[PDB]
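*Asks:* Input sequences plus hints: build the corresponding full structure.
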Amino acid sequence: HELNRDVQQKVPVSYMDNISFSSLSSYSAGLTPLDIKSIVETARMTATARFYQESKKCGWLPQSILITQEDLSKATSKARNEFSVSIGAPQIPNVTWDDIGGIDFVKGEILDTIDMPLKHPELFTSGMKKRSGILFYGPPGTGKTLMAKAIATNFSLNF
Amino acid sequence: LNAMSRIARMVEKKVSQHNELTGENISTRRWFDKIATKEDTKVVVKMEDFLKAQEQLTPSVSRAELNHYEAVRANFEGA
Amino acid sequence: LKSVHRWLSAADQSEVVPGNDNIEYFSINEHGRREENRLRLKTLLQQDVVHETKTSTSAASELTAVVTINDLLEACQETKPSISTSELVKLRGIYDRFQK
Ligand SMILES: Nc1ncnc2c1ncn2[C@@H]1O[C@H](COP(=O)(O)OP(=O)(O)O)[C@@H](O)[C@H]1O
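Protein chains in written order, with the deposited numbering: chain F, 635 to 793; chain D, 952 to 1030; chain E, 922 to 1021.
There's no promise every hint is true.
As the list claims (entries may be wrong) - Derived Cβ-Cβ restraints for the label pairs, each shown as a range:
#1 F:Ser760 x E:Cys997: 19 to 27 Å
#2 F:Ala663 x E:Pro939: 25 to 33 Å
#3 F:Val729 x E:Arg955: 23 to 31 Å
#4 E:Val988 x D:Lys993: 56 to 64 Å
#5 F:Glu756 x E:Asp1017: 52 to 60 Å
#6 F:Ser760 x E:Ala996: 19 to 27 Å
Unchecked claim - Derived DSS-like pairs: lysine-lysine, alpha-carbon spacing no greater than 30 Å straight-line:
#7 F:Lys763 x E:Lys963
#8 D:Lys1003 x D:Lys964
#9 E:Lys1021 x D:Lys997
#10 F:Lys764 x E:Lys1011
#11 E:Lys963 x F:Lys712
#12 F:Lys671 x E:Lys975
#13 E:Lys975 x F:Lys753
#14 F:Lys763 x E:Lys975
#15 E:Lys975 x F:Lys764
#16 E:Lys1001 x E:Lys1011
#17 F:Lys753 x E:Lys923
#18 F:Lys691 x F:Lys671
#19 F:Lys712 x F:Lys671
#20 F:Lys741 x F:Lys644
#21 E:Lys963 x F:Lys671
#22 E:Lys963 x F:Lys708
#23 E:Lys923 x F:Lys741
#24 F:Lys783 x F:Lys741
#25 F:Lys763 x E:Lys923
#26 F:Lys753 x F:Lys763
#27 D:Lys985 x D:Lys964
#28 F:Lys783 x E:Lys963
#29 E:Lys1001 x F:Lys764
#30 E:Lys1011 x D:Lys1003
#31 D:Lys1003 x D:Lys993
#32 D:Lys965 x D:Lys985
#33 F:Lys753 x E:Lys963
#34 D:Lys1003 x E:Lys1021
What the hints assert, rightly or not - From the structure, some residues in chain E lie toward chain D, with a derived Cβ separation under 8 Å:
#35 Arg1018
#36 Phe1019
#37 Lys1021
Honestly, the hints are just simulated from the structure, not real lab data. Just so you know, even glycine gets a beta-carbon here, dropped at the ideal spot from N, CA and C.
*Replies:* Here is the structure:
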């Protein structure tokens, strides 16, 4: 009853199921430092709109407003987009060109160097071991950008 | 500097008679209060010092360098 | 580095929570969604109270990655850093006498 507090509509609001807070927390809630209220209110908005647009007959009637994780993901994408103007933030505008694990021999090195400092790919804490970055070198125009987005969105989280 | 080294070891072995646990007199590491006879600190040179210095101190100008600057002098201004 | 590599190889970082999902199929699991395995996994995740994950981080016991003399010998007589004293002879050659 935070949602319900002042939304004085006929029936209260709730999710009641199916959402996965780890997914919401991890997927893009990084750099949403506070004002998740924006996210949850946009979710309420989509849900309530989808509710009220129902016809009286409609073949069916919904008893109460229910938020779904798909609209919440949509809302978080929208929020990140509208925040982009405030502060620059890359997106995923890529089509039919993603997660080519077999693209080249280079991929194995990328994976075997991105893994060690992370727990889930490599249990070692890399205490004394030297962490390092990855530099690509060669003629321009033949793979230096798409690799980065691919790696970031498939194995890492933020780009 | 040789005198300083000598007096340094002198002071060290002197305070080693009072700082050690068998003496347990003073361990402040400020022993000049204990050695209040500042005159005892007087460094004075001896032929040991000058002899070793003459042994351990090459001329700081090369024969080549002195020759070169003699040549420079050979540009004897006004002639 | 070699010791931690050997420790990683020995541990092999394998055989973690095998067979977590239980077998729960039922006959009527037809006439509808054909991804019933995904839905069942979804529900098995959902029945959990919350993502506690209060596991003991000390279980790894990373301190056991100790070296051995055989591992020490993995040096394999690495190349010298200084090519040759011949390149540096003059260094002391000029300072056989006292310094300037
Ligand atoms: N082997 C490849 N790996 C990744 N992307 C490729 C590859 N070959 C072609 N491409 C496509 O063409 C582009 C290759 O060059 P790119 O990475 O854009 O370098 P530049 O930024 O210098 O143009 C990529 O953006 C991608 O769309």
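*Asks:* For each hint, tell me whether it holds in the structure or not.
*Replies:* Verification of the supplied hints:
A hinted range of 19 to 27 Å holds for the C-beta pair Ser760 (chain F) and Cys997 (chain E), which are about 24 Å apart. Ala663 (chain F) and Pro939 (chain E) have their C-beta atoms about 31 Å apart, which keeps the hinted 25 to 33 Å range intact. Hint check: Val729 (chain F) to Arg955 (chain E), Cβ distance near 27 Å, so the stated range 23 to 31 Å holds. Range check, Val988 (chain E) to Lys993 (chain D): Cβ separation about 57 Å, and the 56 to 64 Å hint holds.
The hinted range of 52 to 60 Å is satisfied by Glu756 (chain F) and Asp1017 (chain E), whose Cβ atoms lie roughly 55 Å apart. A beta carbon spacing of about 23 Å between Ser760 (chain F) and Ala996 (chain E) agrees with the range 19 to 27 Å that was offered as a hint. About 38 Å separates the Cα atoms of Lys763 (chain F) and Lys963 (chain E), which puts this hinted pair outside 30 Å; it is violated. Proposed proximity of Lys1003 (chain D) and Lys964 (chain D) is supported: the alpha carbons are some 23 Å apart, at most 30 Å.
Taking the CA atoms of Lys1021 (chain E) and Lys997 (chain D), the gap is near 25 Å; set against the 30 Å cutoff, the hint holds. A threshold of 30 Å between alpha carbons decides the hint, and for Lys764 (chain F) with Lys1011 (chain E) the separation of about 38 Å lies outside it, so the pair is violated. Among the hinted pairs, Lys963 (chain E) with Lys712 (chain F) is consistent with the structure: their alpha-carbon atoms are about 26 Å apart, no more than 30 Å. Distance hint between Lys671 (chain F) and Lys975 (chain E) is fulfilled; the C-alpha atoms sit about 28 Å from each other, no more than 30 Å.
At most 30 Å may separate the alpha-carbon atoms for a hinted pair to count; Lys975 (chain E) and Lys753 (chain F) meet this at roughly 16 Å. Of the pairs offered as hints, the one joining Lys763 (chain F) and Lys975 (chain E) holds, with about 27 Å between alpha carbons and a cut-off of 30 Å not exceeded. Of the pairs offered as hints, the one joining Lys975 (chain E) and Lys764 (chain F) holds, with about 29 Å between alpha carbons and a cut-off of 30 Å not exceeded. Between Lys1001 (chain E) and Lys1011 (chain E) the CA atoms are separated by roughly 20 Å; this keeps the pair inside 30 Å, and the hint holds.
At roughly 20 Å between alpha-carbon atoms, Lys753 (chain F) and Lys923 (chain E) fall within 30 Å of each other, so this suggested pair holds. Our distance criterion of 30 Å between C-alpha atoms is broken by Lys691 (chain F) and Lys671 (chain F), whose separation comes to about 34 Å. In summary, the hint linking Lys712 (chain F) to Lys671 (chain F) is supported, as the alpha carbons are separated by about 14 Å, within the 30 Å threshold. A threshold of 30 Å between alpha carbons decides the hint, and for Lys741 (chain F) with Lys644 (chain F) the separation of about 56 Å lies outside it, so the pair is violated.
Proximity of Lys963 (chain E) to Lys671 (chain F) is assessed by CA-CA distance (about 27 Å); at most 30 Å being required, the pair is judged to hold. Our distance criterion of 30 Å between C-alpha atoms is met by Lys963 (chain E) and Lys708 (chain F), whose separation comes to about 20 Å. Taking the CA atoms of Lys923 (chain E) and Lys741 (chain F), the gap is about 24 Å. The hint holds against a cut of 30 Å. At roughly 13 Å between alpha-carbon atoms, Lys783 (chain F) and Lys741 (chain F) fall within 30 Å of each other, so this suggested pair holds.
A distance of roughly 11 Å separates the Cα atoms of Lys763 (chain F) and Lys923 (chain E); the hinted pair therefore holds under the 30 Å criterion. Restraint check for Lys753 (chain F) and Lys763 (chain F): the C-alpha separation of about 14 Å stays at or below 30 Å, so the hint holds. Among the hinted pairs, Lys985 (chain D) with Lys964 (chain D) is consistent with the structure: their alpha-carbon atoms are about 14 Å apart, no more than 30 Å. For a cut-off of 30 Å, the pair hint linking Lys783 (chain F) to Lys963 (chain E) stands: about 28 Å separates their Cα positions.
Between the alpha carbons of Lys1001 (chain E) and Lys764 (chain F) the distance comes to roughly 23 Å, so the proposed pair stays at or under 30 Å and holds. Taking the CA atoms of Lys1011 (chain E) and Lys1003 (chain D), the gap is about 26 Å. The hint holds against a cut of 30 Å. As the CA atoms of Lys1003 (chain D) and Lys993 (chain D) are separated by approximately 20 Å, the hinted pair is consistent with the 30 Å bound. Distance hint between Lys965 (chain D) and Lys985 (chain D) is fulfilled; the C-alpha atoms sit about 11 Å from each other, no more than 30 Å.
Note on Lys753 (chain F) and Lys963 (chain E): the hinted pairing holds, with a Cα-Cα distance of about 24 Å set against a maximum of 30 Å. In summary, the hint linking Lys1003 (chain D) to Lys1021 (chain E) is supported, as the alpha carbons are separated by about 16 Å, within the 30 Å threshold. Hint status for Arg1018 (chain E) relative to chain D: holds, with the closest Cβ pair at about 6 Å, below 8 Å. For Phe1019 (chain E), the interface hint holds, since its Cβ comes within 8 Å of a Cβ in chain D; the closest pair sits about 4 Å apart.
Given the 8 Å rule on beta carbons, the hint for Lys1021 (chain E) holds: about 6 Å separates it from the nearest Cβ of chain D.
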